[PDB]
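The chain below stands alone and is given as structure tokens, in the form deposited without D-MYO-inositol-1-phosphate.
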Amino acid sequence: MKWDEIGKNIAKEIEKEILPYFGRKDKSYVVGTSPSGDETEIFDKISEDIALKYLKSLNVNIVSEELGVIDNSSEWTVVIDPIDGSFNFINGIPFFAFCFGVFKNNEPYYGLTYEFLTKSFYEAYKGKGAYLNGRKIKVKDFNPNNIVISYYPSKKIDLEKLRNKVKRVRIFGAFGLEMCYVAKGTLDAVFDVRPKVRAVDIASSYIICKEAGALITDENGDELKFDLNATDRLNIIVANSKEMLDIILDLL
């Protein structure tokens, strides 16, 4: 069936066996340490684990946070984040999401991104635009006197500056779903010059975003290009416009 229907299913299953778990930070514990270095906790595992029960039978290429990479030598590669911003979930903060990115010959094909608590699907096919539960969505018409951002900078960003330029901070704790807060026009921007965010985190939204006007820009100014491993941290500046980028560029 369609990548679309394949992701929404996987989503709805994840959502099934783990939402009860939501916030219950006591029934969780570390189970392993992901290839990325990070510590893998159990509800992460049981999600990914629930995810490979579908992608395994499709013998497509695979890449996720916990598992790493399973190369079946295929045209296609399904990149998954069982939970985007685990923590938030384990600590009852209603900001996490399922990240599902499908790639054809390293080319953004389809992209799903599910926000459990809001019951919201962020899905976008390369070439066909971006939708929120079926409604077309694009970036926000920029405006200097109202910009609202998020960010996870380095020890080399004049905080006071940005805060003197930006009219509203809103840090959240799940890049992937934050990007989507850009595609649907709620934030002028979200970056991350602290090389921590990985492939898996942004992948699915990398797409979606782009189809709704995103300027996924790398540390310099260039179009953020990336790889498809479980490892490899990376910079990134999802902006809603060619000025909003700049501002980050000046701060940067």
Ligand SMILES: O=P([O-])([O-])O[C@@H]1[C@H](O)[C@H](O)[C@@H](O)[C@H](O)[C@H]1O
Contents of the next structure:
2 protein chains.
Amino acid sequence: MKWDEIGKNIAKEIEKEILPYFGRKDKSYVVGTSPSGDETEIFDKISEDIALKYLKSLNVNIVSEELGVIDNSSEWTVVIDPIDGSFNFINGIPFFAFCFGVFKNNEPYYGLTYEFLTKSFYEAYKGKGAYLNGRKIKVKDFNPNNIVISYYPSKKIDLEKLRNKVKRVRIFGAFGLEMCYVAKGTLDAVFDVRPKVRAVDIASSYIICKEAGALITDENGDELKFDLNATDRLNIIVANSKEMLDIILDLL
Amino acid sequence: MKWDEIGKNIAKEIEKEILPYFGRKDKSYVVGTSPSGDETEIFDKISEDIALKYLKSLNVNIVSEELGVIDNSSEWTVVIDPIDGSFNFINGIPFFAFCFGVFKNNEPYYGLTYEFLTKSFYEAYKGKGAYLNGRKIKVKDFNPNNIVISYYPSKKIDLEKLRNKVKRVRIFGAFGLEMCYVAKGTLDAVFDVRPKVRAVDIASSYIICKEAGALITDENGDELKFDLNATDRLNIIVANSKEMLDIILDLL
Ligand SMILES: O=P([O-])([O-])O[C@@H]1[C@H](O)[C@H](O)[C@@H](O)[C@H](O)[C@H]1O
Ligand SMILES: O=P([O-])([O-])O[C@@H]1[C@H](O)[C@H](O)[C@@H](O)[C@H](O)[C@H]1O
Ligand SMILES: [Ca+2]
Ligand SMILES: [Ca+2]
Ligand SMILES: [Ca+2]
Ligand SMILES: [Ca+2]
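Instead of the form deposited without D-MYO-inositol-1-phosphate shown above, give the structure for the form deposited with D-MYO-inositol-1-phosphate bound, please.
Below is the entire complex, every chain and molecule, led by the chain shown above.
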């Protein structure tokens, strides 16, 4: 079947199985450490294994957080984060999402980011446009008297310059999903020059943001490029306009 | 009918109606100017009117965000924000909350804070302890290597030093519900020294937070005392521990 039908499949199965853990630290506990020297909790495992209970059957290349890279030679590669923003999850902050990115020869083909709590499918086939539960969605027109943003800054930033230059701040702690908010028009931009994000966090939303009219760029301003691997953090900037990108490039 | 029942009952009813406007920024218009001077959107009005219908036949005083003060000269005072987090709400950001606090003799008696999309009832009867959906909650144990905070700084705070002390940041744009985030033990603290919150924003969660064992102070670190008006904003520091408070006072 088609990719959106497979992504949404896995999405909704992870959903039923991991939502009762939502906010219930009493029930979760560490179960391993990820190759990235990170702690894996029981709900991450459960959610990754489900996804893998499906994806292995497709004989493609799966690429995930707590598991690194499984090469099968395919022209196809699934980049997944079964749960983006697990801290929030385990702690009852309602901002997490399933991230599933389909690549055909390392070029974007299909992207899906599912926001469990609000039952929202954000998807885009490469070249086909960006949708939110069947409706097109677009980066919002720039208004410098109405900048709303979310950022992940380094020591290298003048935060007050920033705070001065924008109007609102939101900082949700799930990069993948924040990218989708740039895509749907809520945010003027999100970024992380404090290099922590990785391909498993931005792949699926990459595609979606691009088709949304977004300007995805690196530290410097040229189009962002990335390798598919569970390792490698990367600076990223996801603004809705040349102007917006400026202001942000204007501080780092 | 018990105070907590009135509160819960108005919650579920506002829910019915306003949820359809969630993120549907294409479905709402501005009917006027809350006495102060901000946009009163249609859903603001609707949710308020549903509250006042139940309250009117009670003959208690009412402090409301979009209507200020109604004095029926009763010893009972009900302070409400039908929706805390408008912006998020109509921009489809799932962080907003119904606020309902009951005071007797201008002393805390009961607080409800309803997190709609989570269907989380936060509440405390004054002196009886704070609950979340029936489970007793209590602030987070202090750990200096694991500070998680939310803040709204004045144009004076050392954001640099500030960020250098804490381990995670989140800023959600809903003081009322953010307050219960300390109450329930997710954040070490939230504060607003950019004098913006009003009574309507913190009454219900003031109570809940106190019963959760939080410290609630003003800039000087002196015990917060506030008057029940829908006017004049206040500096507030809700924290989980003295140490947390101090760190926040140092950069104040
Ligand atoms: O780890 P996770 O909770 O699955 O996802 C986290 C989010 O993408 C967050 O935005 C980023 O700053 C962290 O580095 C990630 O770890
Ligand atoms: O307007 P509203 O969304 O009902 O309430 C807002 C929230 O309490 C927010 O935390 C505060 O920073 C704003 O100043 C308030 O106006
Ligand atoms: Ca994850
Ligand atoms: Ca992640
Ligand atoms: Ca309000
Ligand atoms: Ca408010």
